[PDB]
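Quick setup: one chain, the form solved without its partner chain, written in structure tokens, and binding and motion questions come after.
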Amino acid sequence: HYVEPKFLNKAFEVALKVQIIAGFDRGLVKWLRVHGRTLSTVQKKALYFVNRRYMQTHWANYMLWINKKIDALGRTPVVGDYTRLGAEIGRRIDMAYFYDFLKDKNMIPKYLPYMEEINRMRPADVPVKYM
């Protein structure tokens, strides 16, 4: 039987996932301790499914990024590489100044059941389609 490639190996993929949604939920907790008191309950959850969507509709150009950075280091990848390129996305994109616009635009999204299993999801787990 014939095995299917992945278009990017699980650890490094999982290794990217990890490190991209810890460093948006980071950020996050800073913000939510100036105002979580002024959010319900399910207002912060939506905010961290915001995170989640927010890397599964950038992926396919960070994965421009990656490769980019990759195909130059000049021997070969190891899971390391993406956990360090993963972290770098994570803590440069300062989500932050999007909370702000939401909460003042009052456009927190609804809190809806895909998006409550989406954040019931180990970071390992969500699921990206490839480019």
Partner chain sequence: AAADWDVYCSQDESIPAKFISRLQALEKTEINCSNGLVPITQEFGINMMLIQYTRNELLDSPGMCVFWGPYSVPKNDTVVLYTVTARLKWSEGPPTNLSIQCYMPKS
The other form holds:
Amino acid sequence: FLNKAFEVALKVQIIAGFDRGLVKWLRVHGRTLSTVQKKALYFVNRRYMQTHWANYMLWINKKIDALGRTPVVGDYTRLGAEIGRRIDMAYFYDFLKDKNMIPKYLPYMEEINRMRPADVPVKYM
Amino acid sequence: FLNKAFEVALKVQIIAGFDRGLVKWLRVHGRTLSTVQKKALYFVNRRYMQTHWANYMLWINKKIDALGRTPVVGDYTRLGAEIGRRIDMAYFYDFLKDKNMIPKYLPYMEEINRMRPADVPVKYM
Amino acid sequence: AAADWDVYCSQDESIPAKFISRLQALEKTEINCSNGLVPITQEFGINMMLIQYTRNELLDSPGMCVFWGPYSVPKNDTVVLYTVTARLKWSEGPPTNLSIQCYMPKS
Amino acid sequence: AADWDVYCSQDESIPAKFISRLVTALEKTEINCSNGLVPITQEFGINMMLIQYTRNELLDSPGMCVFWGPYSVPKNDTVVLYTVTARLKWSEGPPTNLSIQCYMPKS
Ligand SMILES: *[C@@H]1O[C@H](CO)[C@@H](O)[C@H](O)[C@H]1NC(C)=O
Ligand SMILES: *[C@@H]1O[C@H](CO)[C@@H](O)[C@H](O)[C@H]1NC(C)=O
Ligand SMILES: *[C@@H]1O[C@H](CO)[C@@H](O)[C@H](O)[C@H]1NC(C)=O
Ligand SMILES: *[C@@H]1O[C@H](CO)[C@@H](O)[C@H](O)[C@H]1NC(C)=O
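Form solved without its partner chain done, so how does the form solved in complex with its partner chain look?
Okay, now the whole complex, with that chain kicking things off.
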């Protein structure tokens, strides 16, 4: 239901923001984590976007409708970046590490991690 | 809110219906009950009406409005009688007897039992 | 004190649950039920109310309150949850909100 | 989607974590939160969601789900209840309903 360029702008910025947050967290907490655990958390970022895409779209559409003009791709870049920095993923990083729940790293996760962020599949509702 | 004659019609019929049901139940279950336990159940009837009055009033007003005309006391008598026969008080009579929970008979209960059904105080919401 | 209602849940959906209460003036009590908002008046002393697990709007008695649910709960497939909430509005002070929960064995 | 759980915090400032693991059709998932109906897509494998105990519409992150509550619980004065429900619509069959509950210790 959304122009591909707009979708791509969103996904690229959301994942980039989540990933920056993860880097910041890993500097503090990453020492005792295995490579696959870190890869699993990078997957958790992409998956959080997939899971919450539909409710992000509500928010996005509300913001776009309020722009006072037709949107351009830059608007989606900006909104994507806002989502990317505002979601506090560290609550999950800390919980998963503290409770030893960092997911076992599986092929579907690697497949998602190897994709371009622009290509991560999302489902509109 | 409600004209007093209408209120009286309602209360008289509701309490009469509840009491008919209690007589029916007591013929089967009353043998082992003390006088004060039976009085306590008659109080339970009046109190059930008090507790649920506002909630009956919603239903009554719904029914009255569907008459398509100005109501008369007879309408309230009929609706009062319907509430009086439809409420299944036996769920409480059996539960209270089975669990030895028939309430201890206290002065406020006697006071309500000594009133005319027409005079039992109710609160509109 | 105000939150303490005596809740008797059933073991079968065919038998209604029973709740009993005993009674910063209390202005209003409203039960939020699956079939609507049900006002009740808590009189001095004891008060009693039925809550049904099933709804039939055609045959149900007037003013009946029906549980929300059934809901599944995590890691436990032997029971389901039925629930209502109640809001008590006071003359002085903020309203209080209570949760009434009844677990039912799964058929 | 038989496998899901919620992991509650001990402090209202720290959101609860909801985790589900889907194997396999699931058409729709909607979370009923105090701040609204929140759609989520449960993808094959693991899915995660934060649930906040507090609401600030101005400062909350996009798409946040906030618990209903707090609710007083009868006969238990040490905790309060926060909850949301979830409705899962399937391609064929009746929807399923989940109760997501968190008890918070009181001050
Ligand atoms: C009843 O409570 C639910 C939350 O459990 C809420 O969504 C709904 O608005 C309430 N109903 C009414 C009529 O206020
Ligand atoms: C599930 O919870 C109910 C009540 O909440 C309890 O009776 C039951 O024991 C629990 N499940 C198991 C397997 O014990
Ligand atoms: C959410 O669920 C409550 C019951 O807990 C219900 O009263 C309300 O209508 C639901 N809200 C929406 C938006 O569906
Ligand atoms: C109150 O509820 C909590 C959580 O359900 C439980 O851990 C605690 O034992 C309860 N206390 C009482 C007195 O029931």
